[PDB]
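One letter stands for each residue in the lines below.
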Amino acid sequence: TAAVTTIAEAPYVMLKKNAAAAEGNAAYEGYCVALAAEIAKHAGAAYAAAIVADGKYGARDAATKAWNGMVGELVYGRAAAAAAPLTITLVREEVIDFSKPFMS
Amino acid sequence: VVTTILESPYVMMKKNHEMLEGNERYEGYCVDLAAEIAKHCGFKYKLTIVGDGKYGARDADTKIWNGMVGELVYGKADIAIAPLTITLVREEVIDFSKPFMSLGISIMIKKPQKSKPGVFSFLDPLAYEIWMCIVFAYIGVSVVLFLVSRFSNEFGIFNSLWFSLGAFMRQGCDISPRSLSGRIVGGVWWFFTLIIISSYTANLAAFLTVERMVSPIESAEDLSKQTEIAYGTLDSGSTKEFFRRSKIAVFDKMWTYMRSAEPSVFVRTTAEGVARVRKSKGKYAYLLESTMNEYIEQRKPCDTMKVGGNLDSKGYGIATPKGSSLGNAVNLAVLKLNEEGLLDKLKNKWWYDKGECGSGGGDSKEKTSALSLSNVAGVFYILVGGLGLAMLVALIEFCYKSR
Amino acid sequence: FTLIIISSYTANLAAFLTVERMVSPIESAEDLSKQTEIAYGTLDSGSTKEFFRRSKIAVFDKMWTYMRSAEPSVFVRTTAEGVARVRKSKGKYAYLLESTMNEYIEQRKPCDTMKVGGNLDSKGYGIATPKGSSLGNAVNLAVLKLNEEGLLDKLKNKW
Amino acid sequence: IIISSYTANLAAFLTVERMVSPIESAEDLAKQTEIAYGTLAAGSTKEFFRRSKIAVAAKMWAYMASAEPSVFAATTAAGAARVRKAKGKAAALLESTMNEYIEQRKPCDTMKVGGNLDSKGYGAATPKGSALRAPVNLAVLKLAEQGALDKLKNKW
Amino acid sequence: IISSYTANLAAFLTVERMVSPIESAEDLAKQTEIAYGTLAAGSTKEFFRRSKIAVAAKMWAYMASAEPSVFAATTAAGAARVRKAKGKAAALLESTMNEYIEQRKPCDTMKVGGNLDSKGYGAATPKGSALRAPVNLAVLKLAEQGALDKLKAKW
Ligand SMILES: O=c1[nH]c2cc(C(F)(F)F)c(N3CCOCC3)cc2n(CP(=O)(O)O)c1=O
Ligand SMILES: O=c1[nH]c2cc(C(F)(F)F)c(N3CCOCC3)cc2n(CP(=O)(O)O)c1=O
Ligand SMILES: O=c1[nH]c2cc(C(F)(F)F)c(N3CCOCC3)cc2n(CP(=O)(O)O)c1=O
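Chains as they are written, first to last, in the numbering used here: chain E, 147 to 250; chain G, 655 to 1057; chain B, 108 to 266; chain H, -10 to 145; chain L, 775 to 929.
Watch out, some of these pointers could steer you wrong.
Here are a few chain G residues that face chain L, going by a calculated C-beta distance under 10 angstroms [stated by the list, open to error]:
| # | residue |
| --- | --- |
| 1 | 666 |
| 2 | 828 |
| 3 | 831 |
| 4 | 861 |
| 5 | 1008 |
| 6 | 1013 |
| 7 | 1015 |
| 8 | 1016 |
| 9 | 1019 |
| 10 | 1024 |
| 11 | 1025 |
| 12 | 1029 |
| 13 | 1051 |
Hints listed in this document are in silico derivations from the structure and should not be mistaken for laboratory results. In this text, a Cβ means the ideal position worked out from N, Cα and C, and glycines have one as well.
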């Protein structure tokens, strides 16, 4: 299995009503959850959505080169696929490998 | 050894190509891109234009790539600094950069220019509802004046309709009401006519002073609904295949229309398409790649324009064969060029600075001309019609009274 | 005749109300000397003041012998008081200052003033250096190159 | 005199109202100075303007750097509120997707005008050198072809 | 007919009233339908080529390519081209020559707008000569007493 790292709140991924009633990834619904279902059928991954805890997208802190959030949760091996709106930028690119944009 | 292609705004042959030929002297947006990608990643490159002259594609039986894909899969050249629509098939055989330019299927229409003033244009300064309300207000005022002068006195219906009409057209009145209740009606109708005539004159002056042109169609969501304007693609390619493979409601409608429509709306080539848009009136709209449309609307005669957003987004890449050690040396440089604001500056210069026309110079450029007979003749027709009608009713009354 | 005249009056009045044109009451210093309805004053003592005394050009001698004998005191204690007086009086006061200070002032808030007319007499700003310095000739060439590169103009434009 | 005056001033009203041009692009907003525009406090949009080397962009940054009130907004929720309360005085500069979400799935007090100034995208990133690095690039490229990436946007 | 005579007359008067002549270089940059040309080879064309200014580069991009040759071979030709063009041509020459032509020539032309760049004339002396300091003093003292402003206002 694989663990996905999406951000918590946006127009993209949200908490559906009766969040306590539902369990697992099914408690969560949004655009980038509907997407991260489609990609499964094209790559075969059987996953379980796992939102970043810090709630930041991520940058190497000036004092300490420690990436935060999803781009952090990826580098340190905590979880693989970042099915969420990460802007394709140079600094993230030199550390992590993206895909082609799904939105511009 | 990098390929290219001959598209005019991207890689062009300058004046006297014989004197200035080869990598030493080329002009184009992709040329400056190659120069900068070498400045960031120093390497030996020689501008070897593709021999086939077209972009990649594979024949079902031949199963070979041709153009800037065949020149790359078969080791004929290093990379391809040219517009490649990133797609599934091409990626499966090459390694694509991050898109250095994003685009879509724009909508091309002829620039909206002032039409010939139609017959019956004189009643434009006031809406239709106001004209109808004026007619029925006149017929209401005359009836009420008649009833008032015939409760309590030559204000019969015929002789009161004439008074109301005379008071509206600013011509002096033959007679005037004498009672109080007739004078109230007279006064309020005088006020009404004064306000309406002032409003008509003022709004007409506004129409003549500042002219305001509106695009007949704004977006494809409304271009599908219109259907009085014929819109067409190229013969076959990304655009036609996209429309046939589409499944969204609006796009499926815009394909069902064009699949069954006469004459041949699909155009043989983009030059013929733009020529057809320019030659015809605003009844033809052309659906092409956003970049080509933006470029075309800048060159002379600047008779066209781009309307509406991009229908479907796809980007352009910098191809590189899979095993190349240069494969990862281009992603990072493209991202840095995009982030520095250099690629945007390059496109801005190459497209607007080398622009045949500018928007600001002709922004107002306002000039006023004398009202030609075409604007007015809609009232000359009514005048002569009224005269003919008057002679007709005169003869009818004469014949009826003779017997 | 009456139809044409009334139409002309209404149309021209509509033009007056629609687009408005504002004209500067005074254009240049020659016309300012000719008018003399507007009182124009300098700073009390300085180059911009001593210039008019030691001036023999026809117009400038008039513009001095006017303000030489006129009441009340047009001459202002300081440039801040001069600009305040110009802002206060609606149109009766015109101030004659250095071109650069005028251009700078008209850019600051509340932007209630403006500079009209060309420069009356030309001066220059330099970069002083004592006579025996070995830096004396290392600044001429730098200034000329900065001027020629379009960099000094870029600097003034920006700031 | 009074009737001629009424007609003339009415014509002035109508003519002036007819030549009204709303702020449609970034250049028009740059030249015009009546409306104040403010980015977020700290983000990629402000750093863009600071690092911007375009005269029109620098003109905005020179304006946004110094203003009698703080044109900058601390939170994007605050930025939306400031524009609504300012009644045309505030013109936020946010990313295109959020702008299109706010003008659509929020009470329509605001709208998006003019094309976006810069470009960027959202990849579905994977850890460097991972085994599923490609069968995600292929997945995204096929989804964008079949429109499943464009049906979904038109939905939410 | 009377209503549409009065309305169109108001249109003429309003439009004629809101007309703005090309006053500065920025206005000539935004405007695009009249052509401006410099000398074929001089300190002003090389100025534009070496200049890096959004407005100036916009002009240079304009003057680089034009269906007629905007550049003029001789300054006498440049003056004639503007006169015959009836407002189409807008020469770009040094301020002093502009002020001489608009004044001591039949007034078909005029100078509008402040000068774009700065220059200066000097009574030069050979490098390391004994007539350097006294000539510098002579020029400065002449300018202080206006003997350079009385002379310019004369010729
Ligand atoms: O990778 C990034 N992804 C981002 C995703 C979003 C959004 F999805 F829209 F929430 C936003 N917003 C737009 C502006 O209002 C606040 C939220 C910014 C992003 N930024 C720049 P940040 O402002 O530094 O986070 C990134 O760099
Ligand atoms: O990979 C491709 N890249 C392409 C790039 C371009 C352009 F960007 F314009 F250079 C164009 N044109 C569109 C109309 O203007 C002239 C040519 C076609 C391309 N096609 C063929 P399609 O399938 O019709 O898009 C490809 O296959
Ligand atoms: O060398 C001199 N350089 C000067 C430069 C300036 C300015 F450029 F403006 F800073 C001024 N001001 C004029 C009004 O605005 C504020 C002060 C005075 C100067 N003076 C005194 P002056 O003799 O009265 O001209 C000099 O002597």
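Going down the list of hints, with the structure as the test:
1. Annotation: residue 666 of chain G was flagged as interfacial toward chain L, and the flag is violated, the nearest CB pair being 13 angstroms apart, outside 10 angstroms.
2. The criterion of a C-beta within 10 angstroms of any C-beta in chain L is not met by residue 828 of chain G, whose closest approach is roughly 21 angstroms, and the hint is violated.
3. With 10 angstroms as the threshold, the beta carbon of residue 831 of chain G stays out of range of chain L, its nearest partner Cβ sitting at about 27 angstroms, so the hint is violated.
4. Interface hint at residue 861 of chain G: satisfied, since its Cβ lies 8 angstroms from the closest Cβ of chain L, which is below the 10 angstroms cut-off.
5. Interface hint at residue 1008 of chain G: satisfied, since its Cβ lies 7 angstroms from the closest Cβ of chain L, which is below the 10 angstroms cut-off.
6. A cut of 10 angstroms between beta carbons decides the hint on residue 1013 of chain G: the least distance to chain L is about 9 angstroms, and the hint holds.
7. The restraint placing residue 1015 of chain G at the interface with chain L holds, with a minimum CB-CB distance near 3 angstroms, inside the 10 angstroms limit.
8. The closest approach between the C-beta of residue 1016 of chain G and any C-beta of chain L is roughly 7 angstroms, which is under the 10 angstroms cut-off, so the hint is satisfied.
9. Given hint, residue 1019 of chain G at the interface with chain L, holds; its Cβ is 7 angstroms from that chain's nearest Cβ, closer than 10 angstroms.
10. For residue 1024 of chain G, the suggested interface contact is upheld, since its CB lies about 7 angstroms from the closest CB of chain L, less than 10 angstroms.
11. Look at residue 1025 of chain G: its Cβ gets to within about 5 angstroms of chain L, closer than 10 angstroms, so that hint holds up.
12. At a threshold of 10 angstroms, the smallest CB-CB gap from residue 1029 of chain G to chain L is about 8 angstroms, leaving the interface hint in force.
13. Because the closest C-beta pair between residue 1051 of chain G and chain L is about 30 angstroms apart, greater than 10 angstroms, the hint is violated.
Hint check: violations occur at hints 1, 2, 3 and 13; the rest are consistent with the structure.
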